[PDB]
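Novice: Here's the letter readout for the chains.
2 protein chains.
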Amino acid sequence: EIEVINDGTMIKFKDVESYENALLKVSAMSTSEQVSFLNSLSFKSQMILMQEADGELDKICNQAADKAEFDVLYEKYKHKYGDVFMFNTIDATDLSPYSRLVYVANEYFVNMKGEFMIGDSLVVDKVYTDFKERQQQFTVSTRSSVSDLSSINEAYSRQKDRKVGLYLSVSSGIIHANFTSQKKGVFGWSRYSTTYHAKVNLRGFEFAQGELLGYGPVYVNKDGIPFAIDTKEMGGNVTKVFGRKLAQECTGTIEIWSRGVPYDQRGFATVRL
Amino acid sequence: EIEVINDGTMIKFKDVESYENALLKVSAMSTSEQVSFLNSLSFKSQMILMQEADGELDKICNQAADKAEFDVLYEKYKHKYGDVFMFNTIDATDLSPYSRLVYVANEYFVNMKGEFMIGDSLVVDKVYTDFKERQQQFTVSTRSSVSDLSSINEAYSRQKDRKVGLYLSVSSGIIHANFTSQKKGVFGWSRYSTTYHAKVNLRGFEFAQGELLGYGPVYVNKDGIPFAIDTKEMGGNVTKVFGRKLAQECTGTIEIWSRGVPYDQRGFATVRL
Ligand SMILES: [Cl-]
Ligand SMILES: [Cl-]
Ligand SMILES: [Cl-]
Ligand SMILES: [Cl-]
Ligand SMILES: [Cl-]
Ligand SMILES: [Cl-]
Ligand SMILES: [Cl-]
Ligand SMILES: [Cl-]
Ligand SMILES: [Cl-]
Ligand SMILES: [Cl-]
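Protein chains in written order, with the authors' numbering: chain A, 38 to 310; chain A', 38 to 310. A prime marks a further copy of an entry chain.
So here's chain A without its partners, still in its complex pose:
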């Protein structure tokens, strides 16, 4: 038996067996079935609040005309849900509220204080102290990592058994590029030959164009001119004069992929030279 006590503010189970059984039966239902089974019991659990919280976040993203308006709405939203729920302290672009619960499926029966009862025993369910405790791990290593536009002068894409990079530096107006590629073997990562592919869009820039039809290498103006680099097969450590600076600042973006790293998985970087 499931009993709603303390004027619809507490779920009480007969014993451990009743609780574990109700958890299995309720967690196996569809969201609508769960919402209706809880409506049957006239009990608002943390799960019903999560439905509401998620519904309200989706509506805030739809009514907000601009960032400043969203910021006003979202501050009120966080204040509203930021006590029962927890927000992402690592990535501030992740807007969603989170359960504080370690034993996640208990969300169906815990109340607004994270409580439920087994007979005369009160269970204050196990919670995370902070969001960082939930995502905490001893590892630094990942299967895959691809750089975004917040990476400065360094673009990479490390996949499961192939890596590619484009590293930029500048000495007296001369821009140096390092094209890199590795393959995962039985003993680890080692350099291997590949074809490099880049998409360069830079301001105040001259490209060090390679020899073509017996003309060049020559500095070709690419000031705000997007262009592509599709090399021939080369080693895993290629060093090149990438170009020169025409102005005080050389800004823009770079994208890098290879024969082994597909365009979809290309690495990005903002250029500041």
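A hint or two may mislead.
As the list makes no split between identical chains, a pair holds if one copy fits it or if it spans any two.
As the list claims (entries may be wrong) - Straight-line C-alpha distance at most 25 Å; calculated BS3-like pairs for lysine-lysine:
#	residue 1	residue 2
1	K220	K197
2	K104	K51
3	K117	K96
4	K236	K269
5	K197	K236
6	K49	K150
7	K115	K96
8	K62	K259
9	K197	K51
10	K197	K113
11	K117	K163
These are computed hints drawn from the structure, not numbers from a lab.
Please build the complex by placing chain A' with the ligands on the supplied structure of chain A, with the hints as guidance.
Specialist: Chain A' with the ligands alone, transformed into the frame defined by chain A:
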């Protein structure tokens, strides 16, 4: 003019113009053309050493019968190249030596001490203090991150505009699962409905099988039995009784992907419950 002095141990350029020109012309050549142009000058540069270092690492991976033998070979290799070159201090599976040079294309002309000359001026080229200084960045954010088998009880795949996760925890033998999914909007990440896909291979495990043909939910033995989970469309925060422990330890692996995150980009995790 390019002049090899101090009995083939130093490259001397006439002026800055000669150096910048030779750097452009040499960096635009093919690897073989560069190796031959340097052989023409009877000068061994850091570039020729990198060719040798890379060639020797590839040969060590081919002659090593096992890890312990490689370890003996690779210790001697590191000692040999670990002064002129730099090894990866962050990822120990990355075996390759690295240039200490900031201005990478200078590898063609720098000697074994990272030197070259402009007339009577000696240039001790700019180097990185440590490997960490080369990979150093202020950002924590990436475009893409996928967990590997070193991630314990948490598998994820965060792509450019879609995320998926499978988080496991255990309370008194009852295993709790959290299936998560987010989409990137104009204001950031928010929850959205998707179809989840998992590949589970666990020891000492009973799966909490959902209702099928009016039978269950029921605990089905999956002790060392690989099996798949292909859900129907569900929200971005699904909580489930995943199963139960049959023994003292529940170990194995989990793989997670979704309708938005393709199988290729599926996240991994080792399970220890
Ligand atoms: Cl009452
Ligand atoms: Cl990006
Ligand atoms: Cl400069
Ligand atoms: Cl090209
Ligand atoms: Cl390849
Ligand atoms: Cl001499
Ligand atoms: Cl992996
Ligand atoms: Cl346990
Ligand atoms: Cl299934
Ligand atoms: Cl989708």
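Novice: My question is about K62 and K259: at a cut-off of 25 Å on alpha-carbon distance, are they close within one copy, between copies, both, or neither?
Specialist: Between copies only: 19 Å across chains, 64 Å inside a chain, cut-off 25 Å.
Novice: Checking an output row: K220 and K197, CA cutoff 25 Å. Within, between, both or neither?
Specialist: Both: 9 Å inside a chain and 24 Å across chains, each within 25 Å.
Novice: Go through the copies and call it for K236 and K269: within, between, both or neither, with a Cα cutoff of 25 Å.
Specialist: For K236 and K269, the Cα distance is within 25 Å only inside one copy (16 Å; across copies 39 Å).
Novice: First find the shortest C-alpha distance between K197 and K113 inside one copy, then the shortest across copies, and answer within, between, both or neither for a cut-off of 25 Å.
Specialist: neither (42 Å within a copy, 28 Å between copies)
Novice: When Cα atoms must be at most 25 Å apart, do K49 and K150 count as within-copy, between-copy, both, or neither?
Specialist: within (14 Å within a copy, 76 Å between copies)
Novice: Please sort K117 with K96 into within, between, both or neither, judging by C-alpha distance up to 25 Å.
Specialist: Intra 15 Å, inter 63 Å, cutoff 25 Å: intra-copy only.
Novice: Taking 25 Å as the upper bound on the Cα-Cα distance, should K115 and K96 be classified as within, between, both, or neither?
Specialist: Within. Shortest intra-copy distance 14 Å satisfies the 25 Å Cα cut-off; inter-copy 58 Å does not.
Novice: Is the C-alpha distance from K197 to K51 at most 25 Å within one copy, between copies, in both cases, or in neither?
Specialist: Classified as neither: same-chain Cα gap 50 Å, cross-chain 47 Å, threshold 25 Å.
Novice: Tell me, please, which holds for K197 and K236 at an alpha-carbon limit of 25 Å: within, between, both or neither?
Specialist: Both. Shortest intra-copy (23 Å) and inter-copy (18 Å) distances satisfy the 25 Å Cα cut-off.
Novice: First find the shortest C-alpha distance between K104 and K51 inside one copy, then the shortest across copies, and answer within, between, both or neither for a cut-off of 25 Å.
Specialist: Answer is neither; intra-copy 50 Å and inter-copy 57 Å both fail.
Novice: Is it within, between, both or neither when you check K117 against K163 at 25 Å Cα-Cα?
Specialist: within (22 Å within a copy, 54 Å between copies)
Taken one by one, the earlier hints fail for this structure at numbers 2, 9 and 10, listed in ascending order.
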